[PDB]
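Below you'll find the structure, written out as structure tokens, and then a few comments.
Shown here: the complex without one of its protein chains, the others still in place.
Residue numbering begins at 1 within each chain, and the chains themselves are lettered A, B and C in the order written.
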Amino acid sequence: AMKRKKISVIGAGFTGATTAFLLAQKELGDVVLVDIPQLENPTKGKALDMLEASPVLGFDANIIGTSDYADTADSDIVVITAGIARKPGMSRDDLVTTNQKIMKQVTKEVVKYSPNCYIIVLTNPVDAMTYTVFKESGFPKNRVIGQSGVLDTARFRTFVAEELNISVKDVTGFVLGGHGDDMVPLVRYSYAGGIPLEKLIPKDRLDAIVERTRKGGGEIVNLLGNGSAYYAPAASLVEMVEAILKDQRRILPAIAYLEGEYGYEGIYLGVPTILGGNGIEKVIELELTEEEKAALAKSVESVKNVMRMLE
Amino acid sequence: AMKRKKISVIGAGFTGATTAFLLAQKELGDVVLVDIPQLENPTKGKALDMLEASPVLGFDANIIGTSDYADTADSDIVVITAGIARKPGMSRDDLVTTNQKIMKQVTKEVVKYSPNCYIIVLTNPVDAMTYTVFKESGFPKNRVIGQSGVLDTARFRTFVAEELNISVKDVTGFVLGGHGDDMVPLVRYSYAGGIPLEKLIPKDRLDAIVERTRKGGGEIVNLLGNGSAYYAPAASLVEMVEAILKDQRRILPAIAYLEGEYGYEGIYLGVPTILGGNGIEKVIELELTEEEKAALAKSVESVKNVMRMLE
Amino acid sequence: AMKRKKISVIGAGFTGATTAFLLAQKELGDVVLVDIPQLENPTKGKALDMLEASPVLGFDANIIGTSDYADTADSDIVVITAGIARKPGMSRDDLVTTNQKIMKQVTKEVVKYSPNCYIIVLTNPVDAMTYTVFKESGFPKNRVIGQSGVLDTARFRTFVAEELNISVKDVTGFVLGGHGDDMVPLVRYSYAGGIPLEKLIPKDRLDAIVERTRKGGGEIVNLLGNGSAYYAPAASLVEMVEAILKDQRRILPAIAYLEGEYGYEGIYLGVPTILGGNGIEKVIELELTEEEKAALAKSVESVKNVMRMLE
Partner (left out) sequence: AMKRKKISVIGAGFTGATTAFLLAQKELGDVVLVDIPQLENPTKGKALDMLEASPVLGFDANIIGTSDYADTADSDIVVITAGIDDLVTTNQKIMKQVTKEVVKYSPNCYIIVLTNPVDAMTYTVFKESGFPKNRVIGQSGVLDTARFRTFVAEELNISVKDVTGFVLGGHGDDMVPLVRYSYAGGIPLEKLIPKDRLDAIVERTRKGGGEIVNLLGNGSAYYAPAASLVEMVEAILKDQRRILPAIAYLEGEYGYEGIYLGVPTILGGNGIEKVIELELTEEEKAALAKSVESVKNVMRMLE
């Protein structure tokens, strides 16, 4: 018998709710939206409101809200958005201690009810939180993935598209490294209809676009005043969920476990990835200049510093 | 030159923001999201977050947030979601009069910059607020429309689909009048696969579905705590916008100005409508039973009552 | 590991190819397009032409053209469009017996390589050809299905839409039995925005729409000069395939095996069905008037009559 895919979204706040609604609209599977017992009723309210949209938008989906992880049993994909979010002036690194505990508590319940699932993590700081989920899970590395690069290249592409007055569809970006201020946007691997951006955009304006990408999460935090971005992070999660569920073998930046690639091991890092029905099918190694190699090395040091703060 | 449709959404809260994001993903036009000066930055945050999703979801649309109505100039369609969140223990009169003042202020600036726009109104109470928008615009009646019935039919279809374990695609509801006590459903014009629902669902369970539809807004409030539905309301506005922008000539329940239809004149009422490129193309006049006529007379009496609260 | 659905389409003519292309652009699965050994190369050309559209239209799907049923192994769904048109100087008896022979040979190869698949049959006459697939497969009845009523309701809806100048989305048709004189339309369960059509269209013009639906296949045959309709038949097959692959539990008219429904057994007949992940989830039994029962009894004699033409 033909059975729907099942996606559990852990954390039913801004990012989780926005993710859930996109997953159901795209009919990518049944959705279980999970929060803490104190936010059970709000979570069910969000889930029923989304389901009540299904006849207008013309989609078939089950959406439920729960505080009971038994409702996540046999999920194909579990998306983790559970944790504390930042306010203006905070680094993503300021959340490590609270979020690590949430990741350990969440992973333990997820692997109990869905021992065969793929896990995609948003929770900040995401390199260190995806690492925590990996180790707690006991899963092989292909099955635990972080989102950062899709969102960072998305922001990059938006600003480039505004600069050149072209469709975002024909702009390509390339971000490696941690999801931090030390991100390594590779302008050399960045194009407008395949044309190197360095040939199209003067260095000063291109440098400003690279800096605006680095500070992109902060820009949304400062505008909102009382939370962080959710539309583009949710979109970024859905693209990664869709690559796996439909076995698309996309080349996408994702937070992956390294065992030698770029000359690093035992860390999660933002790298180029093949993403398919088996999760991360492989980490792609670019040939880097010594300047890019150095920029990446600073990124890895930030990651390891954050990992030293884990219990 | 071919130019995009332009949609302004007035009020950048949960419903306005959710509507803007759906409109952009469907590439129905460029979106201008408007709120009060005090929320200029949050509104610009939401709009820029949505645009940053565009390279990932693969849509071409411009989204800006603003507090300057000059940014709304030459909108084809304006959606009004502006209104105050009812104060704990505020009188219905003070609500009507506070929201009436907002519709008057909003409508003045909208018609100044967009003299040819179609306006769709969500603001509660939608009958009296659409009436307020109509009289202040001095637009013809075909161009000033309220949302109500589409949201009630959506909830009705969800509940019927749950009862019968079938797709929402193959359920239809039929509602005249507004929300709650003011709703006039025709179960006799309500079907699963074109089969009367009275032949498929026992009377006690069908009456319970009709009641649950009446109370359906309050059901989401009670689950959320401090808030009201936005996913299904947003979907409802988008279906009505889409019907006009693509000249689809849908049959949809809408809040329309009457001039003799059903016996009534000088009022806005939830009635079946052909909705297309000239907005309300006509009000459809059913033959109603004596019971139905008297349920509608009582609904119209509730509508006259709210109109007497206006200044 | 997540794996794409696999759909084999048997017969790479107008309907089969049109069907394969729609299935691919919807990313419903990988498509295997099968024809006779003599048409191997044109079938590969069609498949590769479709595949070369994938980067432009933006779908991830494999499409291959073959004469080797080994390529159909582990198909979730098989769509049988294989068949021969009535050649000038051929009896109807010979036409039926030729198509029966094709159904026997195709089914034997299909079930050898896909013992767990659902089968959807287009080949006319669909009632007798579906029965042949059913008897040959050894499959339970829920897994062997014919297309007929979806295509008839589609033409009916198109004609009503034109008559009323409204969206086809808001029109519904209801038909039991087959095409032509075998069609049993229930205009009383056919609506525009849930309004019975008998109230909106005078009887003469409405009877003319019913008769044009009966003749609908013939109208396209007579307009083309060579061959029969393929766009609407392909779309009808795609709606039924999607209902099963996505477990939609649609209510759709289907050619279903009866074991007592409507007072008939051991035949395939056009009936309302719930269509989902287990295939036909049930046949829906309506209360019919004496007029409707008499009309459906003539349709049943026509089915039994073609079954008597089978070897």
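Criterion: a contact is a pair of C-beta atoms (placed from the backbone, for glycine too) under 8 Å apart; a residue touches a chain by one contact, two chains touch by 3 or more.
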Visible chains in contact with the missing one: A, B, C
Residue among C:2, C:51, C:284 or C:286 touching the omitted chain: C:51
Which of A:43, A:114, A:190 or A:299 contacts the chain that the document leaves out: A:190
Touch list for chain C against the chain that is not drawn: 21-22, 41-42, 44-46, 48-58, 60, 150, 153-155, 157-158, 161, 167-169, 171, 216, 219-220, 222-225, 229-232, 234-236, 238-239
Contacts of chain A with the absent chain, listed as residue ranges: 58, 165-167, 169-170, 172-174, 189-195, 199, 243, 248-252, 272, 274, 284, 286-287
Touch list for chain B against the chain that is not drawn: 1-5, 27, 60, 76, 118, 244-249, 276-278
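The rule we apply is simple: only the chains that are shown with their structure count from here on.
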Rounded Å distance, chain A centre to chain B centre (Cα mean): 34
Separation of chain B from chain C, taking each centre as the mean of its C-alpha atoms, in whole Å: 38
Interface hub residues of chain A, defined as touching at least two other chains: 60
